[PDB]
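Colleague: Listed below are the residues making up each chain.
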Amino acid sequence: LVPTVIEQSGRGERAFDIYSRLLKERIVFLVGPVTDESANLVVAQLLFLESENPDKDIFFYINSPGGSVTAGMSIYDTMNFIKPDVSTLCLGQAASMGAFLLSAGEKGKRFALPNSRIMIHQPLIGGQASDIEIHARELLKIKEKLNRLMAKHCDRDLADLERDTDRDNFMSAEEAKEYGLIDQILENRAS
Amino acid sequence: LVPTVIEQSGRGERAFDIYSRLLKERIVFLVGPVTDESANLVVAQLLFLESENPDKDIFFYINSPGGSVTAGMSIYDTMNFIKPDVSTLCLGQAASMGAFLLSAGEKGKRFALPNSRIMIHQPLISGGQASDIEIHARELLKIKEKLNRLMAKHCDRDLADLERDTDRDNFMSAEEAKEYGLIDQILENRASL
Amino acid sequence: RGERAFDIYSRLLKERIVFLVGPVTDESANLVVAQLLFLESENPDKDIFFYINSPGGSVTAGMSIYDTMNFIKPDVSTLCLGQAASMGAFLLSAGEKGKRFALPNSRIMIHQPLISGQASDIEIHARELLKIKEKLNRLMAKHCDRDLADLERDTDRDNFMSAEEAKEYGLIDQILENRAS
Amino acid sequence: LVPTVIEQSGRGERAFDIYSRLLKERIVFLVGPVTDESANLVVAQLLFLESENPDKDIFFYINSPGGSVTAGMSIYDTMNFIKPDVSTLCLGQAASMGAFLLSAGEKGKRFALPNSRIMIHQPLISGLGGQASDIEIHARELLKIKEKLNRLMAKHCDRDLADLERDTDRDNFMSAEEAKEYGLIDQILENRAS
Amino acid sequence: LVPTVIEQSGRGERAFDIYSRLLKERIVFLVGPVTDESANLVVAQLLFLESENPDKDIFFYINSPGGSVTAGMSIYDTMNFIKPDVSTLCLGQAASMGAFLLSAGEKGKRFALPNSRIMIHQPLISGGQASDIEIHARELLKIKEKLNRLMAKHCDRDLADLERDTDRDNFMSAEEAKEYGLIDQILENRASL
Amino acid sequence: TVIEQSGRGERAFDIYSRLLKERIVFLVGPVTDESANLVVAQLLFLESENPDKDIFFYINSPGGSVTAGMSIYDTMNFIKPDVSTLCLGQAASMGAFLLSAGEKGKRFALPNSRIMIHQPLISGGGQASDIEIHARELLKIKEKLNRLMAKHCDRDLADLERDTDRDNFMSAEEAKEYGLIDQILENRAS
Amino acid sequence: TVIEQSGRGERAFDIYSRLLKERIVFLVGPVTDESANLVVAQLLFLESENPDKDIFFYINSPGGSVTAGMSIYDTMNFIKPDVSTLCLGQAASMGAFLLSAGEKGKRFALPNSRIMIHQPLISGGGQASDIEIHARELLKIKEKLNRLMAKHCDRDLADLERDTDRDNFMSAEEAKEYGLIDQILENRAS
Amino acid sequence: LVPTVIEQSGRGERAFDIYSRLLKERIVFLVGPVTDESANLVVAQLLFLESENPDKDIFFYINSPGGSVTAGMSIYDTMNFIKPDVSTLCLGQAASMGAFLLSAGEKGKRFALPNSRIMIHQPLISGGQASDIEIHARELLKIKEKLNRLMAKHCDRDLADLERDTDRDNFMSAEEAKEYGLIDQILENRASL
Amino acid sequence: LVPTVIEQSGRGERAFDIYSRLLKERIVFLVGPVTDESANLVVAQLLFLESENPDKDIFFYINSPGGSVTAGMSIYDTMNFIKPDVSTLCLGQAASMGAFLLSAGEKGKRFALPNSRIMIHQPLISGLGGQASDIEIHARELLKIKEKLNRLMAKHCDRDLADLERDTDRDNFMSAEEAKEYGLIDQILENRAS
Ligand SMILES: CC(C)(C(=O)NCCSc1ccccc1C(F)(F)F)P(=O)(c1ccc(C(F)(F)F)cn1)c1ccc(C(F)(F)F)cn1
Ligand SMILES: CC(C)(C(=O)NCCSc1ccccc1C(F)(F)F)P(=O)(c1ccc(C(F)(F)F)cn1)c1ccc(C(F)(F)F)cn1
Ligand SMILES: CC(C)(C(=O)NCCSc1ccccc1C(F)(F)F)P(=O)(c1ccc(C(F)(F)F)cn1)c1ccc(C(F)(F)F)cn1
Ligand SMILES: CC(C)(C(=O)NCCSc1ccccc1C(F)(F)F)P(=O)(c1ccc(C(F)(F)F)cn1)c1ccc(C(F)(F)F)cn1
Ligand SMILES: CC(C)(C(=O)NCCSc1ccccc1C(F)(F)F)P(=O)(c1ccc(C(F)(F)F)cn1)c1ccc(C(F)(F)F)cn1
Ligand SMILES: CC(C)(C(=O)NCCSc1ccccc1C(F)(F)F)P(=O)(c1ccc(C(F)(F)F)cn1)c1ccc(C(F)(F)F)cn1
Ligand SMILES: CC(C)(C(=O)NCCSc1ccccc1C(F)(F)F)P(=O)(c1ccc(C(F)(F)F)cn1)c1ccc(C(F)(F)F)cn1
Ligand SMILES: CC(C)(C(=O)NCCSc1ccccc1C(F)(F)F)P(=O)(c1ccc(C(F)(F)F)cn1)c1ccc(C(F)(F)F)cn1
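Chains as they are written, first to last, in the deposited numbering: chain b, 7 to 131, 136 to 201; chain a, 7 to 132, 136 to 202; chain Y, 17 to 132, 137 to 201; chain X, 7 to 133, 135 to 201; chain V, 7 to 133, 137 to 202; chain W, 10 to 133, 136 to 201; chain W', 10 to 133, 136 to 201; chain V', 7 to 133, 137 to 202; chain X', 7 to 133, 135 to 201. A prime marks a further copy of an entry chain.
Since the hints were derived computationally from the structure, they do not count as laboratory data.
Cβ atoms here follow ideal geometry from the backbone N, Cα and C, with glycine treated the same way.
Please note: incorrect hints may appear among the correct ones.
Claimed, not checked - PhoX-like, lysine-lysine: derived pairs with alpha carbons at most 25 angstroms apart:
no.	chain 1	residue 1	chain 2	residue 2
1	a	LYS153	Y	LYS151
2	V	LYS162	b	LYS89
3	a	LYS30	a	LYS115
4	X	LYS155	X	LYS115
5	W	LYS62	X	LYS30
6	W'	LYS62	X'	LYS30
Claimed, not checked - So the derived list for chain V', only partly shown, Cβ under 8 angstroms to chain W, looks like this:
no.	residue
7	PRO9
8	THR10
9	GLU43
10	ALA45
11	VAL49
12	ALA50
13	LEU53
14	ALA77
15	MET79
16	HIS127
17	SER140
18	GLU148
19	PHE180
20	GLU184
21	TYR189
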């Protein structure tokens, strides 16, 4: 991957890779599987944007199939912690932890482009039976928490999310807006 | 891959790699399979040239066999969203999603070089419980129809046409693509156009 | 005989005992069928004892055994030892009603079909899969004297049953302990 | 593994592979891991000996580290279902399911050799997979299996279910004496003079 | 991994990668499994920050499932040695050696975000003569005791509590970790923080 | 064990079944559950044909599974017949243990046999609790082995503990002096 | 060693080059020809900038190549500057050897450091002549190591021969008592 | 390998595989590398032949490149123990432990075919602590000496000749092997034989 | 392998990777196996330092187990061709071709550190292939190479060709003292006070 290099200005024309250039406009990308490294990269940029300007919105572009719940949560908690409104934008796809982060942007500022693919579902995955029990119970707790938090993000009842996440649930952008998972569908420079 | 490094002038004088220099003239490449990384890098480039001048045409060069529909859609929506005209130029080939994005350039500004190759076809895959197999089957049906209608839109044809002409691989010459409505012009050389 | 099994298994075939052990393949399923045909040939009236210890396997291989059980004249008594799951449970439930048995600590499990190109081909195969799912549910409901609706409900996900719960469900008739007719 | 061949004479001299000779004396072996295949070969031999004579003892030699639970239960129920007493005898080791089967022999006729090794422990799984609903189903099922085994073991040893819960929580090695003691086996054989 | 690049002003405009820019403000990360080199990288960052200012707190963000205990002990001892208080912050998860380090922060400055996951448990080894194995078992016993004791003090609990509660994987919410004495406060947002 | 050849007596036998007909039993190569139980089966069968006739047990083994070895050992001791043991090529580790286990006075080696003894040796477990459990068990096994071999050799336990701390190679003479075997064979001249 | 971060001083440095500017040198992970020679290069460079200022050498290593270790060792001894040694996490085998090699009085450990010493240990050669050659060489190395560590610890050679026959784990206190290190650090309060 | 089957007559017609039929006439083969099981198979054949007739010679055909020395010592000691003289015949080759066994035949009845190849050399090992390696080197030295001594007697030469001449691979023709004292006679055909 | 970076100040402060800093002091390193690539990097550094100053000593640190013969000869001839003296210094180990290069330094300036390891031995090949005519060609060639090396080594050590033939027949380990003794190196350095 050679990222193209770009020139700015503001007394002294500086060069930087195109993603650092887009960081200056407060755009952060979640592309691909959510890992500790990729999620912490997102945290790092969210903290930096907050200290650059705690009053300006941050635009979080999500094109992700999901991944680590724990790494997803670290992105989650950072979005909610910092002063800026984290506005989310689905591009290409937002599934699993991807959809959870997308739906976690500031209400009123969660967007999808028209042909986005959103998907939600319950969690997905040795030792002695004691260790199996412990991990099974923990996994039930994660599912229950993910459903409660997503019921809240979508302004829906818990019962609705248990049912609609029992198996893979694909939604068009329109079906996502309808569900409460996003607010607006972006088509082109107009809104 | 060593990208040759190159020089530019104009009260000041800097040196980028050849792709960053070409990006300065608003040329963007899609080469090989569209993955998440390669699609998002096209998106980043589109967002940038818009910001740099939301009114100048962008020149989207495509040489691709396709790849992820989801990564490719993220290019399509960006292309449509941003203000400037995304002109498309097929060189080498545009197959599956590559042809889809080719057909998605601003009508009147979709081009091919004289020996480009275009190909279009229905989606093809490479699961577990019967309930889950069924959810993913109905979803692959929806994607197939969606892709057909979006292709009918770009091509000014019926959905029935694209249903028929994508049921199996459908190769097109540059002339055949233009007649299909997939592209607009066939650039031969500099002199003419 | 012998037939890639043992002399012990040949001796027990003489006492009309047929084993299904392990996964159901084309190979292991046809050997059951072959034994079944053979035993009907040696006496089309005496019962066959079909011992099942299997997590299941290929549905079409299973159906070959099922249709052979139903076609031959002798009543095929089924007996679960160890486990009978998926296609294995299906075959167990398919024994002659009144002669479907289980040892006290057998594991029984039933569920919907589990699986391993072009969208057109996916559509064709997905539809065949649903027809499969429905046919097994109907047949299993008939085996169990229950409502099609109950089977669809109780096989959405893996459903483990002890011997007692299989008896109650309608999947077997008797739990065998020692010697008590 | 070539098995040696052997003559039984008198009113007709016949030849057997040695293990077939030992089956004729109602001796059955479980050796190595318990799989569906090797367990069902035990079941089949138990059925044959009952068929030949439903009243004589059967002697079940066990040298095994354990293996499949369902496969082992198929031996277990077959032991209890058939009329003959199945005497069990540990040589080398009776581990996990192998010790479950050793302790399942007819009370009074569960034996070990002086330097046998016995070990009991709760179930262990290799690994997991699907959705949380499925992982809940399999965990709930595995906990049922763990109680079934503890409860059966307790009966065999004449102990509280709690006793076997505690003493299987981790690997639990026993000498032959410690196993007699625990109620796993009845007698420790030293030689034939006994 | 492409770390984004960032510019700061003040008597001179300079460029940093984002993690160096965050280091500039006394923030250090332990992300992923604890290895010798990832551990020593944390140590070097603490040595540097103490030299820049031995009296300002250091903010130690932890998102890790654990790792080598010796490597984790190099961080631990470096945290206790340096004059600056090391505040610990759990984001994502802090498990095993990551839980240890999280709890090892300066009492009063150990936090977790609301959905952090903490887990603690006994050592756990992956992969000669009985004499050799005897020696290593004895050593492992000593390590297991020492980790329990150190963590008992971190938690202001008895040793026998930590031995009991680390026999198997012990998962905790942020709130359960606050009760146990493993963190001090849950951070919700810029509440009062 | 390519093709095992056949000989005649009045019936036909493979040569190993023939040697078994004369109460010769082989332990060759590593001691596995299956090779050890084949030795157990032969010993059980030989006892029943003649509970009083000696059994001759050839050992060419580098050893192997402790539990597998123990099963031959307890069988040797259990059965009425004396089990003579005869080392050719090598008896090392559990091989040497079984060689020493032969009926005392009837433990032999050939002049260039190689004998070797040592403490238990393991390849490469999980939680520390499990590690301590298995470590304690491995040491019980070490101590148990030293005590039986001390008893086989009529020697101090501390002697065998000192002499198996590391690999200890013994010639046939050395094993005789040690108490591990009784005589060294050569020729029929005996 | 993901991205090594940058700090400022008046120029920009990666953080390890920054620590080197203050005569701190790290040995981390296994001792290879390349990691050992990088330590050699740092030590040579530090001497030339100031032949009299102490050098501080952090050791978190499980050890590694003997010849690689020796090259750090002879360099430490050769150069004018005192090389202080500081163990964090672990110094085992050649790691512990180098820790002990620090200028006497200037060998430190952190309170939970783990130290470990033992005899030379080899994975797994050709003709017997070559085997005897390499076996004799391995023993010369064992003896040489025991004697230098005896000298580093001010102890009998026979002491170190007895105490490295098998893996010997030492706490920081134990290593101090043994003579392997001098002080145990904690706090700046020192 | 399909061993051909063969019938013999005499008070009764029976069928043997060819190697069993050749065993019937006191012929045993060592073909290929010497392993524990191929060695023990030779031992069992010698035990059987001595019992069939302890006074008729045994003909031991050897075509082997060597193998385990312990396994080869089981044959060696069995050959010296049994009353029948074991005549050795080298066909193809006899190398290392195969050379040893060839030379170990009863003096006067060790032969080679005209184009047999003999080779002798020092032991040669394929593939813990210095203490352990010390012990094993010492043992290997003792084995190398013992093999040299035994072979020196087989050859009626001094020990120091065999040590010298086995330092590296020492190839010999049948005739050179006859001179060295490793065989007695070269068989050409049914000359006088 | 991150190499640290370093400041050289005075009339302008510059930054180098440390190894580049050490090259400026005419220090060259051969570390690890001798391959065509790492040898030619040595040759290139020898050419550069002669270019910068053809009269100052060059100091060649060697920590290497050996490697390619032709690659090592490329260093050897370049050492002798260039005007500067190339002083050699063993640290860690100078084995096979590494000890050939150590002994090839300018007489008087071949040094070792107290605990260095030196070892010399005849060539060894990995492996063979073609027709017997080719195997004869390569064997005849390898024997030429073996004599070339022994003969050169003898010159370096002031010994008979026969001496080095004998003492390379099998692996031959030397302490630093034994190597000074043998004539491989001149002085054993202990510290800077010397
Ligand atoms: C760690 C803490 C210092 C921090 O990250 N500052 C932001 C550093 S970036 C920066 C700042 C200024 C100038 C330039 C830069 C940049 F970027 F250019 F380098 P903090 O502010 C914090 C904690 C948690 C999170 C979140 F979102 F991850 F959860 C977010 N921020 C903080 C403050 C107080 C406390 C107390 F007192 F409660 F302990 C704890 N933590
Ligand atoms: C996110 C949004 C700021 C954005 O992408 N800017 C990218 C322009 S970068 C830039 C800008 C100025 C100067 C320099 C630079 C550069 F390039 F050097 F960094 P936006 O303009 C947008 C949305 C979607 C897409 C597409 F095409 F991908 F879909 C494209 N652009 C936008 C505006 C308003 C809202 C509202 F109203 F919903 F909040 C939402 N989104
Ligand atoms: C897209 C088009 C601007 C283009 O790629 N320019 C690339 C040159 S960048 C440049 C320019 C000036 C100074 C510096 C630079 C640089 F590089 F240093 F920064 P175009 O010129 C074109 C099309 C096809 C091909 C070929 F050869 F690949 F086939 C080639 N060029 C073009 C496209 C369409 C039309 C139409 F259809 F509207 F007539 C007319 N022209
Ligand atoms: C094939 C068929 C002849 C058949 O199996 N014979 C076996 C008779 S054994 C026998 C008899 C005497 C002596 C020894 C033996 C033995 F066995 F010891 F050697 P069939 O009876 C049949 C079909 C399908 C199935 C099942 F179970 F798979 F469903 C079962 N049986 C049959 C009859 C008529 C037709 C018609 F009418 F269509 F022409 C078609 N098929
Ligand atoms: C080795 C010691 C010099 C050291 O690490 N300095 C590193 C500080 S970097 C620095 C400093 C100033 C300016 C710029 C920089 C920078 F950042 F730009 F490079 P020290 O301070 C030490 C030891 C251990 C630890 C810890 F945390 F690992 F435990 C921590 N520090 C020390 C002090 C006293 C003694 C005594 F008393 F025993 F002699 C020995 N060692
Ligand atoms: C089980 C017992 C019958 C048994 O295995 N015989 C095996 C010999 S087969 C045989 C027998 C006769 C004729 C032919 C054959 C053959 F070989 F041709 F088939 P047993 O004699 C016994 C126990 C333990 C061991 C040993 F060595 F493995 F430890 C050995 N033998 C025995 C006797 C009494 C009791 C009591 F009274 F305590 F219950 C229990 N066990
Ligand atoms: C070769 C010798 C010049 C050398 O390596 N200096 C390395 C220091 S580089 C340097 C120097 C000055 C300024 C800047 C730099 C730097 F770092 F920025 F580049 P030397 O000092 C030596 C030998 C051995 C070792 C050790 F520790 F590895 F064993 C160490 N140093 C030396 C001196 C005298 C003799 C004599 F007289 F006997 F020939 C031989 N060798
Ligand atoms: C063990 C001993 C019975 C033995 O091997 N018989 C095997 C001969 S098979 C046989 C025999 C007769 C009829 C039929 C058969 C056959 F073939 F059909 F089965 P033995 O004769 C012996 C020991 C060692 C070796 C050798 F060559 F390996 F060294 C060789 N033979 C023996 C003799 C004396 C003593 C004493 F004196 F110490 F008690 C101990 N052992």
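Colleague: Against this structure, judge whether each hint is valid.
Modeller: Consistency of the hints with the structure:
1. Among the hinted pairs, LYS153 (chain a) with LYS151 (chain Y) is consistent with the structure: their alpha-carbon atoms are about 23 angstroms apart, no more than 25 angstroms.
2. Distance hint between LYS162 (chain V) and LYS89 (chain b) is unfulfilled; the C-alpha atoms sit about 35 angstroms from each other, more than 25 angstroms.
3. Distance hint between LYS30 (chain a) and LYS115 (chain a) is fulfilled; the C-alpha atoms sit about 20 angstroms from each other, no more than 25 angstroms.
4. Under the criterion of a C-alpha separation no larger than 25 angstroms, the hint pairing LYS155 (chain X) with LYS115 (chain X) is consistent with the structure, at around 23 angstroms.
5. For the hint linking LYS62 (chain W) to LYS30 (chain X), the alpha-carbon distance of about 23 angstroms falls within 25 angstroms, and the restraint holds.
6. Taking the CA atoms of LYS62 (chain W') and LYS30 (chain X'), the gap is about 23 angstroms. The hint holds against a cut of 25 angstroms.
7. Below 8 angstroms, beta-carbon pairs count as interface contacts, and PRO9 (chain V') has one with chain W at about 6 angstroms; its hint therefore holds.
8. Annotation: interface hint on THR10 (chain V') violated; nearest CB of chain W at approximately 11 angstroms, more than 8 angstroms.
9. Because the smallest distance between the Cβ of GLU43 (chain V') and any Cβ of chain W comes to about 4 angstroms, under 8 angstroms, the interface hint for this residue holds.
10. Given hint, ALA45 (chain V') at the interface with chain W, holds; its Cβ is 7 angstroms from that chain's nearest Cβ, closer than 8 angstroms.
11. Look at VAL49 (chain V'): its Cβ gets to within about 7 angstroms of chain W, closer than 8 angstroms, so that hint holds up.
12. Because the smallest distance between the Cβ of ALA50 (chain V') and any Cβ of chain W comes to about 5 angstroms, under 8 angstroms, the interface hint for this residue holds.
13. Interface hint at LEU53 (chain V'): satisfied, since its Cβ lies 7 angstroms from the closest Cβ of chain W, which is below the 8 angstroms cut-off.
14. Hint status for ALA77 (chain V') relative to chain W: holds, with the closest Cβ pair at about 5 angstroms, below 8 angstroms.
15. Hint status for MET79 (chain V') relative to chain W: holds, with the closest Cβ pair at about 5 angstroms, below 8 angstroms.
16. Hint status for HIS127 (chain V') relative to chain W: violated, with the closest Cβ pair at about 19 angstroms, above 8 angstroms.
17. Of the supplied interface hints, the one on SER140 (chain V') holds, with its beta-carbon coming within about 6 angstroms of a beta-carbon of chain W, less than 8 angstroms.
18. Interface hint at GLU148 (chain V'): satisfied, since its Cβ lies 5 angstroms from the closest Cβ of chain W, which is below the 8 angstroms cut-off.
19. Here the hint on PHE180 (chain V') is broken, as its CB sits about 26 angstroms from the closest CB of chain W, past 8 angstroms.
20. Taking 8 angstroms as the C-beta contact cut-off toward chain W, the hint placing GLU184 (chain V') at the interface is violated, the least distance being around 30 angstroms.
21. Because the closest C-beta pair between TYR189 (chain V') and chain W is about 22 angstroms apart, greater than 8 angstroms, the hint is violated.
Hint compliance for this structure: hints 2, 8, 16, 19, 20 and 21 are not met, and every other hint is.
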